[PDB]
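Take a look at this single chain, the form deposited without the ligand, given in structure tokens.
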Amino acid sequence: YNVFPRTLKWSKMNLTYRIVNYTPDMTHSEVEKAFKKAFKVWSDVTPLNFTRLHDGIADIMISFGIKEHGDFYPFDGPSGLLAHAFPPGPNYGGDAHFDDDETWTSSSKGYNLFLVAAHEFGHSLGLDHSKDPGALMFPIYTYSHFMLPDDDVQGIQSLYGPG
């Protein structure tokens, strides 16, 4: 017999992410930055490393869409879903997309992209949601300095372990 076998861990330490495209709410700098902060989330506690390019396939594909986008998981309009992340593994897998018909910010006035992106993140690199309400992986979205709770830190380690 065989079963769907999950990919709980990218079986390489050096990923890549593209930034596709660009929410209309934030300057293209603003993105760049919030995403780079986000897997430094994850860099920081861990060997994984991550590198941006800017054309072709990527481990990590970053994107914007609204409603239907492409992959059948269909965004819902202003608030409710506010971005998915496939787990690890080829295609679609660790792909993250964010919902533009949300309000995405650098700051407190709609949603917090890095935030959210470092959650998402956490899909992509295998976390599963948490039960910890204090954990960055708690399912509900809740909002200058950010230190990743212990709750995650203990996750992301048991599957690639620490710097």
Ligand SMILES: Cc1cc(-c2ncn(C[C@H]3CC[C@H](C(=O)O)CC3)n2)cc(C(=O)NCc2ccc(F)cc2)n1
The other form holds:
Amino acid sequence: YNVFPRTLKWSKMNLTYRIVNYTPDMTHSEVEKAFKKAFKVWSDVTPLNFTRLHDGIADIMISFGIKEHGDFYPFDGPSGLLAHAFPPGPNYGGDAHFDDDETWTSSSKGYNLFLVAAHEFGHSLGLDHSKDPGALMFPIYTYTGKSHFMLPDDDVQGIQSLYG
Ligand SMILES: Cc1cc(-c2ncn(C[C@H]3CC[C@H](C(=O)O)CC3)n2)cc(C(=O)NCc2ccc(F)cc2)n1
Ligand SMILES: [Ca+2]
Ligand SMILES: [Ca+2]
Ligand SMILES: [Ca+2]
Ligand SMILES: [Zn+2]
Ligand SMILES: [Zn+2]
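Instead of the form deposited without the ligand shown above, give the structure for the form solved in complex with the ligand, please.
Next comes the full complex, and the chain you just saw is listed first.
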């Protein structure tokens, strides 16, 4: 017989993702680069690896949508809800949805896709929101004045509690 694990996390270290569609705001290449950077955030702090697929069913299915887009978490136009992701599991588990009513960028203007993706992929891996206002996993997007992205201890401790 078998039983479910209590804590939601991936039991395999080699995970796949697929970009199902693309925002108009950035080139295919720029969108791909943002998501790869966002996954490297987590692979640098865990034994996890991420591989992009060009078709078929991946562990993490990434898509852009607006308002109602096929789940219980409709988007709300510009600002407010930027994105959401499902915790580890089969079916929709891991999937990440991005609101295409946002202005997506690779800069400090609008909403930085890499930064939002890095946060949402945290959710894809099993993290909940942080109560720490400086954490990656704090719920409210807060672009800081730092030159480079650095993962805070809060988020590192959270992800380590799941993946070691
Ligand atoms: C650890 C952390 C860092 C930053 C932040 N803001 C500017 N930076 C500098 C980076 C420079 C290189 C940029 C580059 O590589 O282009 C990406 C940003 N880092 C912002 C947040 C943050 O806003 N956290 C909460 C949050 C994030 C996303 C989200 F959707 C909802 C909440 N968290
Ligand atoms: Ca999935
Ligand atoms: Ca929104
Ligand atoms: Ca848009
Ligand atoms: Zn959704
Ligand atoms: Zn979140």
